[PDB]
Amino acid sequence: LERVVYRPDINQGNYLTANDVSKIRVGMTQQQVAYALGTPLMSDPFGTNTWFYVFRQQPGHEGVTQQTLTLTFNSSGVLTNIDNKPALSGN
Amino acid sequence: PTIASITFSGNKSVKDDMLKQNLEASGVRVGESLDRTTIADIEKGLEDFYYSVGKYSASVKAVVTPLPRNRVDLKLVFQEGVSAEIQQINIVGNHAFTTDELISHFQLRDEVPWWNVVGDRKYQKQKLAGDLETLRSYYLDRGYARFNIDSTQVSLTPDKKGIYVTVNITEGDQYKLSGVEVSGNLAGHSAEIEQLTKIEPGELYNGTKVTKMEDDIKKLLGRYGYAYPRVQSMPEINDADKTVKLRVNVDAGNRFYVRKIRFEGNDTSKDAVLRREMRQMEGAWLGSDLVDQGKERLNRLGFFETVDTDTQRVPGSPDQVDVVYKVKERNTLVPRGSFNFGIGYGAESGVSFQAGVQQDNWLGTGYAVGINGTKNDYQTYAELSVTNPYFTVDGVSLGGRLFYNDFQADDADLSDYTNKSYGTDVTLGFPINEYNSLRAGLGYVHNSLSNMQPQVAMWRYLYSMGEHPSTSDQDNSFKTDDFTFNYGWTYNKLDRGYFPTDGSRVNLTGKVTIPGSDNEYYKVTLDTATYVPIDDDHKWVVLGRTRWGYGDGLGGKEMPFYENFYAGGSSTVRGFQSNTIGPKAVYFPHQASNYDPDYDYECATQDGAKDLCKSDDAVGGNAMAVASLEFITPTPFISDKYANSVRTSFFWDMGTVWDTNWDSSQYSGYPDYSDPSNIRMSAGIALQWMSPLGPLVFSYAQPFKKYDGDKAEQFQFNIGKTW
Amino acid sequence: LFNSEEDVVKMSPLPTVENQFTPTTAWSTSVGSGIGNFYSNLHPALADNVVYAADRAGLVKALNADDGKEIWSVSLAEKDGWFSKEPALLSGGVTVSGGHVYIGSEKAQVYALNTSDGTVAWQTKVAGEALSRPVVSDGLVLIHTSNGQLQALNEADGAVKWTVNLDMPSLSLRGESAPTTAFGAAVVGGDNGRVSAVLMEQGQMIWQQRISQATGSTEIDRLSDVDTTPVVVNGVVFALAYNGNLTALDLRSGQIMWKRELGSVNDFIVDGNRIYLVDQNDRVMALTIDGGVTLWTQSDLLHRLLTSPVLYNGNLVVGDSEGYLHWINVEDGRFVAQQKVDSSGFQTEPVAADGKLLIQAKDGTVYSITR
Amino acid sequence: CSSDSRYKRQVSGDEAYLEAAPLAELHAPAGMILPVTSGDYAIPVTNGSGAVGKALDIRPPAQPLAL
Amino acid sequence: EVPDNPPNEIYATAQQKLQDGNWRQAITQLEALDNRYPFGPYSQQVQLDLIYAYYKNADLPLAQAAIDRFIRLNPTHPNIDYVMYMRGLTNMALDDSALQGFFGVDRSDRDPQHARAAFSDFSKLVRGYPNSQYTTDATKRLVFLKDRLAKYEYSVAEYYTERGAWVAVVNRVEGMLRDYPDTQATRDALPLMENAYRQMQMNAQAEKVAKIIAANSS
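Chains as they are written, first to last, in our numbering: chain A, -18 to 72; chain B, 374 to 1096; chain C, 463 to 833; chain D, 39 to 105; chain E, 24 to 241.
Chain A on its own, in the form it takes in the complex:
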């Protein structure tokens, strides 16, 4: 299964450079979030006005690295929810 082979350095999800992470504040509306972090590439489809920001890489075939940044809004688009995490390991 696990072997040395040129797995083509998959990138996944948005980019969460630390500066743009620090840009976010709880008082924002969806427009400010979109401006600061870019459009959410994973909008929550199942009812809740939740935006998921995922920053995932797997350089080569070793050391999966990911950040998950979860945002939620009221029906008006006003934000009050933040979860910020480094992901668990993979290969």
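These are computed hints drawn from the structure, not numbers from a lab. Don't take each hint at face value.
Residues from chain A shown here face chain E by an in silico Cβ test under 10 Å; the list is partial [claimed, not checked]:
hint, residue
1, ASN(-5)
2, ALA(-1)
3, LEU22
4, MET23
5, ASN30
6, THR31
7, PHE33
8, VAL35
9, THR61
10, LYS66
11, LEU69
Straight-line Cα separation of at most 20 Å, SDA-like style, residue types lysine to any residue; simulated pairs [stated by the list, open to error]:
hint, chain 1, residue 1, chain 2, residue 2
12, E, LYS234, D, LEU64
13, E, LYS40, D, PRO73
14, E, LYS163, D, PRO73
15, B, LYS633, E, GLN67
16, D, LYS92, E, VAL166
17, B, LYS1094, B, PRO1065
18, B, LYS643, E, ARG139
19, E, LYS147, D, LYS46
20, C, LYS587, B, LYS534
21, C, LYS541, B, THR472
22, E, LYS163, D, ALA59
23, D, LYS46, E, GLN38
24, B, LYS668, A, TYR(-4)
25, C, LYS587, B, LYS643
26, E, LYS147, D, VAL90
27, B, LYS388, C, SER726
28, B, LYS534, C, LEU764
29, C, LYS802, C, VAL479
30, C, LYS587, B, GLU544
31, B, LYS534, C, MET473
32, B, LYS643, D, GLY51
33, C, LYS472, B, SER430
34, B, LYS434, C, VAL479
35, E, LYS231, D, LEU64
36, D, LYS46, D, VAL90
37, E, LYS163, D, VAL90
38, B, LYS417, C, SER726
39, E, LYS40, D, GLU53
40, E, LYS163, D, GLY51
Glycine included, each C-beta is placed from N, C-alpha and C at the ideal position.
Following the hints, position chains B, C, D and E against chain A.
Using the frame of chain A, we list chains B, C, D and E on its own:
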């Protein structure tokens, strides 16, 4: 009235179709409403078109006849005298150069040099504008930052055929690039942008250099994911210092994300075979280099005649983009890749056939399959190959091939014997880099031999193998069980996967017998092809190709002859019978134990000589070296580079095969195969056409350097090879 | 491969051979390498028995008119400096007055050469190549350029005195028209159908009676009209149009005195009342200044690429690009004589002065003719 | 050209649409809202009486004529 | 090919040839009739006959071009329903290319552009002209074509699952739910989004999609 037909005559092939377009612009058309008077009035518009195309001398006439109830048949007749010959290209105000240097870079010409008569000095206004821009780009490249093209003039003579063109220009002075300033939101990538900006302040200003600076800034911003940044370059100029400070203004914009990867035009190639060639992943920040590598991989795979890339901003969304790969499939719905009809044809008065299918469309499990059944010389050889280039999407390929082979020796340079061979190979291949592939494989072969006419080269192997056969007997039998560690190595980087233009391919194949195998030997093969765009323009190409091979016995058994190398086929060395090249099969004298009086079999002693004997037969060689240098050009025809992408080449081939174990000392009385300097050569013309059936190949190449017994054929034809 | 169907429109065959008088060459000399497949106004000149001639390479020759004895010769070609040697690429006629010889060039330079000496007096840069024959007027040299700009140069030192722009289209035929001066003003023609007059001082515009009558819907039909040297008498201007309308104009104002349907015309010479004119269809006709009425017309040399016509020894005389020379009767309107003098090319116009008739071939050789 | 002179209506390929295409619906569990159908790719109500392609005629209608 | 016979005779013989199934000569004859007599009232009928002949003669690009031409000439016409059905059928037929796919392999994940355009055209037909006789077969083709599009999306989702571009898998399955909610393809796809959401450690979202699959297992 209405017109049953509109016809054009006298046209010297000058855009006949546009004549109908001119009428359409004039408001007339087949069956359209026009009368005789307006026809004469509109014919002036045809004169207008031929004036626009450069045929200023042209004038047009109309001929018409009504059908008995006012339905019209129309002919249009043209006068199209010589015109638009540029008798001069003049540049005035120039003081930095001799004009001849400037005009020589134009597409237009004043006097076509007899040294190389290319094209003709015929005027075309759009090309005049293009050449004006080339002149400006030359002056800015040389460094005259203030250069200006002022009121270009075009003149024709009181006899209209004579044209000459004048350009007034102003120069100022060439300016130093005293410094460069870059400003804007670079998103922290300033350090690398500066490395792009790096210049010695003593450097002379250069328009092309600043343009490439903008290009490379765009490139770097694209790699990190800024698809469409605003990039501006603006000069800051002082004429008293005669130097230019340079300003670059950049807005990195948004990090663009690829919402969709869309493949279009592949009506039969399953989407997976395109998508797994992607380096840029969907739902990830864009990488311009990643998308370009995806395009390059699609081209390299060779499945697709054309590959085009478009990046589209998602409608109404600020930063998301769709990436669209538009392709045209090879073989255009002819089933099973390129149908490999393999042929033996040329100057040789002999016939050979191969039949096979290739590539993509195969059933049930996503594999790619190749089949081949052949008779070559008097051999019978069949094989089945089953392959999956992606055994798992990580990139590791898996491949297994089965084959059966038979030998009968009714001349065709096939040495007198009867032999049967069959075997299998199981293969794995996993890329180690984007441009490297490494392979491992296990192979199994069994052989049985009979009617063994005695033969020194083969008998060297048989004698050393043990169970040494009895000389002078026409019949001897031998058997072999074989297991082999098949292995290989590859480097592949090519524009397209066919008719390449740039890059190189290196393919190394080698096998070694694992103990328990009877043969106890190893052999190595190297294949190499290199391409170069002439003048760094890929429309004009030159190909360098070489093959190398060696094989020796680990336990002193040298190599079994039935895995010896060969050359002579159009794939390896044009201009020879497929396997005639190299060492020739010297027989022993023998007493025809098994024989047929209907055959003049080589050197059967009851009829032939009673000593060691030459013949046209070839045993190949346990070593090989082959080289080819090729020159590629267009050749217009109703089917051409644009309509069908046909290729034609001028080339030279160098080929040589030698046996490392020929007893040069003991056998001084016969040709000494031990030295490779017995080089064969051939050179000439080759043609290739991607017919819907598959790649046809045509070539005439006289074997102008030759050795004893090489069965020449200055011309050769075949179809397929697929790769 | 493809050569079987090249297309060319034919010229009329040579006229009748019989001649009332037999012309003969007095002398001929090679000025230098010829114009070749090249088209610019460049013709010999005469003043006080000394011939002046030149050609594209830059060679200039001064010769006696009774016989071809050279007075002096000089080459205006650039010093090579071991790089690509540059020929003068000479063009724009030859003119003489007092102590100087004025020559244009296909490049920016206009050269002033001494008559008694080969010495270069001065050379000045002008806006665009001086394809036009320079003219002398009241201490100045007036020049018209391929770029449509007219320059006046101080004859004493060659310095530019003024510049005047004449508009031209992107496809302006041959950008050539030699101005003329009389009554204290200088007439000029511009490629954009603009016959105009200038004060010949401070570059002051007088009037611009532009000929819009071309009305060319297609660009070639809208080919630049005027390229000819206008002439003046009694304060009346006469001008020509390659595609448009011949017209006679007031010189005080620009208003029309007469206008004619004649296009396809590039050269003419004037008798006291009869215009003698050459069509680019190579039709030759005599027209009254008043009313534009025809004394005589013939077209036997149709499409022969005629030279400009000149009046010499009581005959109208004109050449052609084929190599033949023809005399036409002044008022009978028929060939007086016909001759062949060259095999290569005879395009540039003849000059008649001081009792001589001079011509320069398309292939670099001058001839002195008499009849 | 060679053929049996029939199938004047069908495509050269598989007319599988005639069968094996039931539009199985999807149902939302309580407490979750599924994403909206988003426009064009909904199929409206249909009469259901018209014939299907194995018998239905695809020749152009008999338009009236004049000249 | 065909001389200047009267338009009526040409049309009658061309109709006969259509009934004889002489598709090539039929196409030539109607093309000649159109070229010589495009002005007369026969043009529209000739246009429809050309449309049908191009489609059946397997000249699909020319059939589509003729359909476009007819629609441009006739924004309103008693047969527009038939011509729109013909456009849909032409773009549908452009997919099923040859025999080897017929017996060999499924052809659902090669290219949706032809299928998607055909589906849009059939949608126009069914929505605008429901009472037309062609509605029902158009509806069946719409159902099959939508299923085929959903299977293409599923065949992309499966690839991205194998490679592991989990964000791509989630996005693709969400798009399928948005566009093709009522198909077997998406019903089979959701068990794959359930894995994709969990691979990214997004437990609650995976739980919600698991809730959906629990009910829709029916």
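Hold the hint about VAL35/A up to the distance rule: shortest CB distance to chain E must be less than 10 Å. holds, 6 Å
Grab the minimum C-beta distance from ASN(-5)/A to chain E and call the hint holds if it beats 10 Å, violated otherwise. holds, 9 Å
What's the verdict on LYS40/E and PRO73/D, does the C-alpha distance respect the 20 Å limit or exceed it? violated, 53 Å
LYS147/E paired with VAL90/D [C-alpha distance capped at 20 Å]: The hint holds at about 19 Å.
Satisfaction of hint between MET473/C and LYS534/B, Cα-Cα up to 20 Å: Since the Cα atoms of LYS534/B and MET473/C sit roughly 14 Å apart, the hinted pair holds (cutoff 20 Å).
Taking 20 Å as the top limit, are the C-alpha atoms of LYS587/C and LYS643/B close enough? Answer violated: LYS587/C to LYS643/B is near 71 Å, above 20 Å.
Pair hint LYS163/E and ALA59/D, alpha-carbon separation not exceeding 20 Å: holds, 8 Å
Taken at face value, is the distance from the CA of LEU64/D to the CA of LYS231/E at most 20 Å? holds, 15 Å
Close enough to count: is the Cβ of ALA(-1)/A nearer than 10 Å to one in chain E? violated, 20 Å
Distance restraint between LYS1094/B and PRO1065/B, which requires alpha-carbon spacing of 20 Å or less: The given pair, whose Cα atoms are some 14 Å apart, holds under the 20 Å limit.
Hinted pair, alpha-carbon criterion (20 Å max): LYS643/B, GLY51/D. Please report holds or violated. Holds: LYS643/B and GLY51/D sit about 17 Å apart, inside 20 Å.
Chain E contact restraint for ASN30/A - C-beta distance below 10 Å: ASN30/A check fails; min Cβ-Cβ to chain E is 14 Å, beyond 10 Å.
Hints 2, 5, 9, 13, 14, 15, 19, 20, 24, 25, 27, 34, 39 from the earlier list are contradicted by this structure; the remaining hints agree with it.
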